Amino acid sequence: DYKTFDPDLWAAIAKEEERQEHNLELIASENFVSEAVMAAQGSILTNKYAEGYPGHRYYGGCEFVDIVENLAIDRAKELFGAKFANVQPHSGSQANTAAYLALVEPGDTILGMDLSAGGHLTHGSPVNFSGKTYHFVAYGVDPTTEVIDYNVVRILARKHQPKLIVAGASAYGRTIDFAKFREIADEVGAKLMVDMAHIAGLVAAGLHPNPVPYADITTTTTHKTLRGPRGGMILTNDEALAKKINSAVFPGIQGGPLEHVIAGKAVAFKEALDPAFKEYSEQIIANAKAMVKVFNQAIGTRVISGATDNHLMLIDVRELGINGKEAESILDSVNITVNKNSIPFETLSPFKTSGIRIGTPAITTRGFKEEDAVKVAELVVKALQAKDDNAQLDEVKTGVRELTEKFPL
Amino acid sequence: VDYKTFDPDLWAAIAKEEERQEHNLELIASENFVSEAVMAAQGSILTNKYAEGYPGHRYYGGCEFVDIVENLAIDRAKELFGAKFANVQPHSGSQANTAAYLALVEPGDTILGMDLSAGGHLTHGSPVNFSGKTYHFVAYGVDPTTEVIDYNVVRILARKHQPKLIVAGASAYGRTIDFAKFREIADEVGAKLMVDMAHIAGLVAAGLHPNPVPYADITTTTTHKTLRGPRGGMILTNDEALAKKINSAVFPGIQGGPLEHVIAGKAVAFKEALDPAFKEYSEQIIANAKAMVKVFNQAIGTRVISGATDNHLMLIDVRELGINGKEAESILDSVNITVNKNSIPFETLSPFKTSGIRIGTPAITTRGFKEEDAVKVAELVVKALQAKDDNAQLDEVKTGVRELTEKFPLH
Ligand SMILES: Cc1n[nH]c2c1[C@](c1cc(CO)cc(-c3ccccc3)c1)(C(C)C)C(C#N)=C(N)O2
Ligand SMILES: Cc1n[nH]c2c1[C@](c1cc(CO)cc(-c3ccccc3)c1)(C(C)C)C(C#N)=C(N)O2
Ligand SMILES: Cc1ncc(COP(=O)(O)O)c(CN[C@@H](CO)C(=O)O)c1O
Ligand SMILES: Cc1ncc(COP(=O)(O)O)c(CN[C@@H](CO)C(=O)O)c1O
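Chains as they are written, first to last, in full-length UniProt numbering: chain S, 3 to 411; chain W, 2 to 412.
Since the hints were derived computationally from the structure, they do not count as laboratory data.
Every residue, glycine too, gets a C-beta built ideally from N, C-alpha and C.
Among the hints, erroneous ones may be present.
To be verified - As a list, the in silico SDA-like pairs of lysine to any residue whose alpha-carbon atoms are at most 20 Å apart:
id, chain 1, residue 1, chain 2, residue 2
1, W, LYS327, W, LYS272
2, W, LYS272, S, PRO9
3, S, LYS280, W, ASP8
As the list claims (entries may be wrong) - Coverage of chain S stretches by chain W, computed from C-beta distances (three or more under 8 Å per stretch; other residues unrestricted):
id, segment
4, 4-18
5, 41-51
6, 94-106
7, 121-129
8, 253-262
9, 332-341
Unchecked claim - Estimated spans, in silico, between C-beta atoms of each pair:
id, chain 1, residue 1, chain 2, residue 2, range
10, W, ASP391, S, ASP3, 46 to 56 Å
11, S, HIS137, W, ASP10, 22 to 32 Å
12, S, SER335, W, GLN163, 53 to 63 Å
13, W, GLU107, S, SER249, 53 to 63 Å
14, S, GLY83, W, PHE353, 46 to 56 Å
15, W, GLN163, S, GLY323, 57 to 67 Å
16, W, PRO352, S, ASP276, 37 to 47 Å
17, W, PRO128, S, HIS137, 19 to 29 Å
18, S, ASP179, W, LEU350, 48 to 58 Å
Next up, chain S with everything else stripped away, as it sits in the complex:
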């Protein structure tokens, strides 16, 4: 009824609802939040200005909003064991912006993971604030094993003498050894920052080593494997850093927090404390490993580094005679959503790429088990091997319909 005033907007949202229902979402950074998370984001908390921190706000009327933010803060400490948490960052990018401000000065040397090797844009890309503001030096992966070589990282750190080392990634499927990163940073007198955005849910479930005890500052988003609303978060065990973090977020780089989104964070953090979340996180990894097995045994879908320890995988598609952009377009035509993605030592443009990234958090939330993840990987192989054969692409599109109807939203 409130929809009648604006039929064009609500029609577009209606089609987006159907698109999420009918497509297989394999974008590693996406998920489906609960009804309760969306209700919190749709709450009247959007009306409240609440700059400052609980008990020390710059506006009247915040005494009940402060409960909501305290719940999000305290549940983050329960989930990750951090002594201090800041839940106001609007995004992972803002969380990383504030983390750097608390740790280094403009122009300082920072060692972070190269984008082609799997790092995030905010880990030193020259088109991002990170590369523009600080002197970033990149580390990568080994050309043959495509995993991090910690002796090479050590050599790099000693050569460049960074003030800060950043660990974490957007497209790295293997266990990150935070203990070794901390050893290297200590060796050269650098601080350590970990961006666990992609693996935060796995960390919360005990299925990836926890960076919080090792890093000066841990950042994360709330909307990937944590299955919360879109937003950021910063964690630390040092009260001196917590004060700099809090000042950097506000008044440093943000103004009013999004308290309806922070309520969604509180909701999602409590869901993550439930034992069911550990089973969900176990299923994520089992599903990713099952898919990786199919791609390892298929002709032309080369899995970067040959295995996965977490929720995602990179597929090199060069032997199929296509680039990542064409692989993404083929799979879209059969209702399978991935993203083109640079692979280690990428030689093509970042907008063409030699690969695609696939992750299992979203389909696992829909209910997919290992046999269903196997079927998904077989449909992906079939569609990419079907050199424009309309008969086989329609068979794949049929198999996708079978899966989406088997696991509705």
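Please build the complex by placing chain W with the ligands on the supplied structure of chain S, with the hints as guidance.
Below, chain W with the ligands without anything else, positioned relative to chain S:
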């Protein structure tokens, strides 16, 4: 009902905040009540979509319908303010201003911006904010006697300091801002002009405040103050080269994925503001504000900064009552009237004590308050602050608040 069972802590707190919004007078000048549609958009499944890039130029697929939503927000923003280009992705007004500075100046450049005590925003050059840390801000303020901007003093400052950029706009300034004169001063010294119209955006949309968009190289705003939309930011320009720098600065410059469920809410609110009834709402905001100023002017103890309002807000120096702004804020909150303490021009107290409070009418006007009701609010505020903790008087104020909130219920 069932999802609320899993988490009583969270949902009981939200229920208490619903009751507080219903039962209080919300006089925070930057707050409003958004429509059911706006909140439904924010509560939609668009929160699940990663959509980095811009409509038609995303970095990956599945964005066909998100592109429709974001283009609706862009197109209605263009129509609302008459701008040739809009960027609707900024997470907030602070992010909008961050990206606007990146499109206009280089780190270390000299910028003229309104002093915080004089009414400017933190992002207009405060040294504890990224603005004051990243650029060389020279502040202009208001005159000590009239408490309004002296444009000859701005011109003198501009000529003396040769700024690369002049910033106009305010958080706690109740008078009309003469954008034409800012453009004249910027042209004279060869500076660019940036206008942050967050507070007055809805008044501008309604033609009730001079429009900065024709005069400013870049105009920024929030969507949640007088525009009555979701919490977020927006950037406008008529220059195609600037529009490209703006888009690059927002992403991949300072943000990652946009909040498309919030952007859906921006589209909803922009169409609401395009309705003719939004003009009548905006007229009533100003008439209510002027009605309150007349009451505060007559009352001894509540000194209105500059003695008048041209827009939605007023700044009240409370020192003659023997209290500071923090004490006034907590007196009012104890009788269910919600304001914020606020520095006044040439503020002599700590920024966390302050000499004043700030009051605005957009929220109560959205509830349906007319000039008669606005007069009654101002009388209640005067009575609470003069009561010197006489509980007879304070309880009468609480009754008056309850009378008004029941006369004008939410939804
Ligand atoms: C958007 C983004 N932010 N951080 C990222 C991305 C990714 C991405 C994807 C693409 C696809 O056209 C381009 C870029 C890009 C990088 C530099 C310049 C221009 C474009 C980046 C992915 C994970 C979304 C990417 C890859 N590849 C990984 N490594 O990190
Ligand atoms: C939060 C904010 N952002 N931009 C603003 C604010 C205001 C505000 C209020 C307060 C209340 O104790 C303190 C500060 C403050 C300024 C500098 C350093 C430390 C604190 C600022 C108002 C509009 C919310 C304010 C005032 N006064 C001005 N004019 O603009
Ligand atoms: C490690 C890490 N840190 C930060 C961010 C940025 O989060 P934001 O999109 O909330 O700004 C991302 C987003 N990652 C997205 C691309 O932006 C992805 O598809 O993987 C990230 O992976
Ligand atoms: C002119 C202007 N520009 C920018 C911003 C920042 O918007 P944000 O809170 O969405 O970051 C504000 C916020 N204004 C708030 C204080 O932060 C207020 O209560 O007035 C503003 O007034």
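Do the hints match the structure? See the list:
no. : hint                               : result
1   : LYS327(W) to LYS272(W)             : violated (38 Å)
2   : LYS272(W) to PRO9(S)               : holds (11 Å)
3   : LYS280(S) to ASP8(W)               : holds (19 Å)
4   : 4-18                               : holds (count 10)
5   : 41-51                              : holds (count 11)
6   : 94-106                             : holds (count 4)
7   : 121-129                            : holds (count 4)
8   : 253-262                            : holds (count 8)
9   : 332-341                            : holds (count 4)
10  : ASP391(W) to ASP3(S): 46 to 56 Å   : holds (48 Å)
11  : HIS137(S) to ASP10(W): 22 to 32 Å  : violated (45 Å)
12  : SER335(S) to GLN163(W): 53 to 63 Å : holds (57 Å)
13  : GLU107(W) to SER249(S): 53 to 63 Å : violated (25 Å)
14  : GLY83(S) to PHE353(W): 46 to 56 Å  : violated (33 Å)
15  : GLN163(W) to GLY323(S): 57 to 67 Å : holds (59 Å)
16  : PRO352(W) to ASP276(S): 37 to 47 Å : holds (43 Å)
17  : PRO128(W) to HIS137(S): 19 to 29 Å : holds (25 Å)
18  : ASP179(S) to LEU350(W): 48 to 58 Å : holds (53 Å)
Going down the numbered hints, you'll see the structure goes against 1, 11, 13, 14, while the others check out.
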